[PDB]
Each structure stands twice: as structure tokens, then as C-alpha cells.
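Trainee: Assemble the complex: chain A is given as a structure, and chain B must be docked to it using the hints.
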Amino acid sequence: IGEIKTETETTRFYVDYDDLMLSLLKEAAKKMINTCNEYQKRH
Amino acid sequence: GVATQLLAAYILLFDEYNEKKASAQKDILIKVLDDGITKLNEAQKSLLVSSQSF
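Listed in order, the protein sequences are those of chains A and B.
First residue of the first sequence? That's 1 in the working numbering, and the numbers climb one at a time after it.
First residue of the second sequence? That's 44 in the working numbering, and the numbers climb one at a time after it.
Chain A extracted, bound-state conformation:
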């Protein structure tokens, strides 16, 4: 669960730049999608 909470907090801090087209936030969201799908495949 800590491996997911780290990426969730990182994306939450990347939101605060107030730039939705920032490529780093796009890459963080694409990383969270893969992490959540790999968590759901296990349960």
C-alpha cells in the first residue's frame, strides 16, 4: 500500500503547479494508472 501512496502524494504535489498540460504530471498520472491496474490484478 505504501508503494501506491508514494505515487499518489507525488501526483498531488505535481497538481499544485497550476499547469494541467505539464508533461511531468501527465507522466505521473500514466504511472498511477499502471500501478492501480497492477494492484487490481493481484486482488
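Everything labelled a hint here was simulated from the structure, so no lab data went into it.
Note that the Cβ used here is the ideal one computed from N, Cα and C, for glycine as well.
Certain hints may be false.
What the hints assert, rightly or not - Label-pair ranges, simulated between beta-carbon atoms: (1) B:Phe-97 with A:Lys-26: 48 to 56 Å; (2) A:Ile-1 with B:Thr-47: 32 to 40 Å; (3) A:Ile-1 with B:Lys-63: 31 to 39 Å; (4) B:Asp-70 with A:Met-32: 27 to 35 Å; (5) B:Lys-63 with A:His-43: 35 to 43 Å; (6) B:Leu-76 with A:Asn-37: 29 to 37 Å.
Said to hold, decoys possible - With a Cα cut of at most 30 Å, we get these calculated BS3-like pairs of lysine-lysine: (7) B:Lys-69 with A:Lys-26; (8) B:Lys-88 with A:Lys-30; (9) B:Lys-74 with A:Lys-26; (10) A:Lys-5 with B:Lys-82; (11) B:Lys-63 with A:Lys-31; (12) A:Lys-30 with B:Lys-63; (13) B:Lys-82 with A:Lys-31; (14) B:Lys-64 with A:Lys-31; (15) B:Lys-63 with A:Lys-41; (16) A:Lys-26 with B:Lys-82; (17) B:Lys-82 with A:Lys-30; (18) A:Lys-26 with B:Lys-88; (19) B:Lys-74 with B:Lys-63; (20) B:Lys-74 with A:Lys-31; (21) A:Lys-31 with B:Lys-69; (22) B:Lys-74 with A:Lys-5; (23) A:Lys-5 with B:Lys-63; (24) A:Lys-41 with B:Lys-69; (25) B:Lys-69 with A:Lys-30; (26) B:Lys-82 with B:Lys-64.
Mentor: Chain B alone, transformed into the frame defined by chain A:
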């Protein structure tokens, strides 16, 4: 895990002075470091009480 990526984002974004993101980068830095000092202090106090229990 959060700090070592936010600081790398700080080094990556501000090789030159980007004045648009300058007012928010300071708030991000202050928020993550004030979170970190509190977490590290609470971890040290917990380990100290666990050492004193014996």
C-alpha cells in the same frame, strides 16, 4: 519516495528562471519540507520510546 522526485523536478524545471511557476514551486518546497521534518521527528520519538521500554 516523494521528496527525491519533487527535488528532481525542482532541478529539472529551473535550469533557467521560469517566472510563471516561481510562485508555486516555493509553496511546494515549503509544504514537502514541513511534512518531512514532522514525520522524521515523530519517527525518532517513537524509536526512542521503543528503546526505553526494555
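Trainee: Each hint should be assessed against the structure and marked as holding or not.
Mentor: Tested hints:
1. B:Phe-97 with A:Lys-26: 48 to 56 Å: Between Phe-97 (chain B) and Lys-26 (chain A), where Cβ atoms are some 51 Å apart, the hint holds.
2. A:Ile-1 with B:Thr-47: 32 to 40 Å: 20 Å, violated
3. A:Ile-1 with B:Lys-63: 31 to 39 Å: Given a distance of about 36 Å, which is inside 31 to 39 Å, the answer is holds.
4. B:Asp-70 with A:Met-32: 27 to 35 Å: 22 Å, violated
5. B:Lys-63 with A:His-43: 35 to 43 Å: Once the Cβ atoms are compared, 42 Å apart, the range 35 to 43 Å for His-43 (chain A) and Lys-63 (chain B) holds.
6. B:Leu-76 with A:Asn-37: 29 to 37 Å: Given about 32 Å between the Cβ atoms, the range holds.
7. B:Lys-69 with A:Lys-26: 21 Å, holds
8. B:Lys-88 with A:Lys-30: Given that 30 Å is the threshold and the Cα spacing comes to 37 Å, the pair is violated.
9. B:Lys-74 with A:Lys-26: 22 Å, holds
10. A:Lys-5 with B:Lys-82: With Cα atoms ~15 Å apart, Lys-5 (chain A) and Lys-82 (chain B) stay inside 30 Å; holds.
11. B:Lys-63 with A:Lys-31: 26 Å, holds
12. A:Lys-30 with B:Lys-63: Distance of about 25 Å is within 30 Å: holds.
13. B:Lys-82 with A:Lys-31: Distance ~25 Å between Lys-82 (chain B) and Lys-31 (chain A) Cα, so the pair holds.
14. B:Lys-64 with A:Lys-31: Holds, at roughly 23 Å.
15. B:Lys-63 with A:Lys-41: 41 Å, violated
16. A:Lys-26 with B:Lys-82: OK: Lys-26 (chain A) and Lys-82 (chain B) at ~28 Å, within 30 Å.
17. B:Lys-82 with A:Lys-30: 28 Å, holds
18. A:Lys-26 with B:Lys-88: 38 Å, violated
19. B:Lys-74 with B:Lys-63: Satisfied, since the Cα-Cα distance of roughly 19 Å is no more than 30 Å.
20. B:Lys-74 with A:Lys-31: Status holds; Cα separation ~23 Å.
21. A:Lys-31 with B:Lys-69: Roughly 25 Å between the alpha carbons, so the hint for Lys-31 (chain A) and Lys-69 (chain B) holds.
22. B:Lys-74 with A:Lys-5: Holds, at roughly 17 Å.
23. A:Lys-5 with B:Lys-63: 29 Å, holds
24. A:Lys-41 with B:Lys-69: 38 Å, violated
25. B:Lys-69 with A:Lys-30: 26 Å, holds
26. B:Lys-82 with B:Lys-64: Holds, at roughly 27 Å.
In the structure shown, a violation is registered for the earlier hints numbered 2, 4, 8, 15, 18, 24, in ascending order.
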